[PDB]
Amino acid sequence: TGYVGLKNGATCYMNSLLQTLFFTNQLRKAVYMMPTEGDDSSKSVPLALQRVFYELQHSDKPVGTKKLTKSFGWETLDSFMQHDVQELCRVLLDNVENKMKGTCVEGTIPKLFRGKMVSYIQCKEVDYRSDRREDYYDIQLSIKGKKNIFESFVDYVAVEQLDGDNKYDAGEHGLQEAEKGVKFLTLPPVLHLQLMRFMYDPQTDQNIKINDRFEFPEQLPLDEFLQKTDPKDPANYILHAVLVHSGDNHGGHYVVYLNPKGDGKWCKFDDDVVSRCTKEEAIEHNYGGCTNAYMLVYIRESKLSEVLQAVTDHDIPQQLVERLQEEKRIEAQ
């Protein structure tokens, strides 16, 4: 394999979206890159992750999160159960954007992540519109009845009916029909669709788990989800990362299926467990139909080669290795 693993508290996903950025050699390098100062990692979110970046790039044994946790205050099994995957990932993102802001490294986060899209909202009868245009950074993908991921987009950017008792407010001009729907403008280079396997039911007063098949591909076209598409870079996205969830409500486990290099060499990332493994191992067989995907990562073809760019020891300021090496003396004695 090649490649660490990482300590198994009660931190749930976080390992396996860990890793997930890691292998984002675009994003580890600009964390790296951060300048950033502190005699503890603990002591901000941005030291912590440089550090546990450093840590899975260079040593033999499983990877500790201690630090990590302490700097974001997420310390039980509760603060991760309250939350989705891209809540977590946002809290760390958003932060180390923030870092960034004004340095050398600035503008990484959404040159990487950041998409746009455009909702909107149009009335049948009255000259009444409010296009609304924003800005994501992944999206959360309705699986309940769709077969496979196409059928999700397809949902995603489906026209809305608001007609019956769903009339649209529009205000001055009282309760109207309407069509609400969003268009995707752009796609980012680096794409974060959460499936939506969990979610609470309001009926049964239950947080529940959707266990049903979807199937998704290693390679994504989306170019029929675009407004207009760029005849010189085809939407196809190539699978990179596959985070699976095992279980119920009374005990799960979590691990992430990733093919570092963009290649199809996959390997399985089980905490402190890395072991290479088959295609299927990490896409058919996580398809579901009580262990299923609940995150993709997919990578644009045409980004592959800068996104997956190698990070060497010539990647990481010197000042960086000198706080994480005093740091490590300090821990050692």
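Positions refer to the first chain, counted from 1. What we label the rigid core is the largest C-alpha set whose atoms superpose within 1.5 Å from one form to the other. Compared with the form deposited in another entry:
- Measuring CA movement between these two forms with the rigid core aligned, the set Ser302, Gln57, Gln26, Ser42 has one residue at 2 Å or more: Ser42.
- A displacement of 2 angstroms or greater separates the C-alpha positions of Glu75 between these two forms, with the rigid core held in common.
- When the rigid core is held fixed, the Cα atom of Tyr128 travels 2 angstroms or more between these two forms.
- For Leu175, the Cα coordinates differ by 2 angstroms or more between these two forms after the core has been superposed.
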Second form
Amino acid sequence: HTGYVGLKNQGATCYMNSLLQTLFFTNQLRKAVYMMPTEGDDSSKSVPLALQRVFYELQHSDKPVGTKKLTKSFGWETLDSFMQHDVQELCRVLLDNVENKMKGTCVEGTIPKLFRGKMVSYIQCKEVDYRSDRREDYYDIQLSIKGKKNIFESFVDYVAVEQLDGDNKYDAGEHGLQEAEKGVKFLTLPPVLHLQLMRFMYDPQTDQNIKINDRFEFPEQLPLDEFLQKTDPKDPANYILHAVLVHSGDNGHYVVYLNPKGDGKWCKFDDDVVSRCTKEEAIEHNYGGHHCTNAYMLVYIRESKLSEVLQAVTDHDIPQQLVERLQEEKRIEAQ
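Okay, that was the form deposited in one PDB entry. Show me the form deposited in another entry next.
Since only the chain itself is given, any partners or molecules it might have are not part of what comes next.
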């Protein structure tokens, strides 16, 4: 059909399937996952082992792939589990498990190398001369949509200066209570940028959460060099759109649009159905307007790292011991 296989819908996994494909086509991450020393792990208790199983099935199987073992592995079985969490939190669970299992191994540091960026959070008072420059690391960025036309305005809002004035002034300690400014500036941007849009806000005296189906534009190519304190020639902050995680409905149907090779040949992944689609269906048709189908997550890849992030993955990159273990489990399932 398309050389790509889908994932079976077996429950209220919601965004999970959409996330998995996005993680599966992060080829460097997939090859890193394949090499994790999971030989001694418990099959039904190891999240990395479940992820290796899922990636192997997505790469080799011709039939839709199931995720019961994975969902049992990270223990999201309560009724509201997927509804109570967001995609960032599930991605953090999976990647934290993977990174921790990679600690003390030959594939250590892959997660920070692919998804970690550096940020500066600053607080400076206008009256007294004091400055706090707490430095923070990030693996995902949650951009606001309400009132923002496109990604550029959302980023401007993210680095916007916030005024801490009377009745909300900043305690400068030795300098006493002072009026100040709080803000955030970007130091670095990861090779793989996980942007999540904020399409649900609390509404008092109402149904407590209304879906924000407002129009919001995102470009195929995202220049973010202007949002860095110090730029760098020969490595500009130009990013290529890679994944578009889309939701239809209200407070739903979750579908992921992906061009795995970064060539602009877009595909639609609707659980077990993977088809070819236009760029317009993947980008223009998911801005939102007045329908209910709009994008909630964007995944960008830096232009200078595309080839390394999207390394071609052959069936030989999977360690033969892992292949034997997975084949053994498949044999038992067949019997």
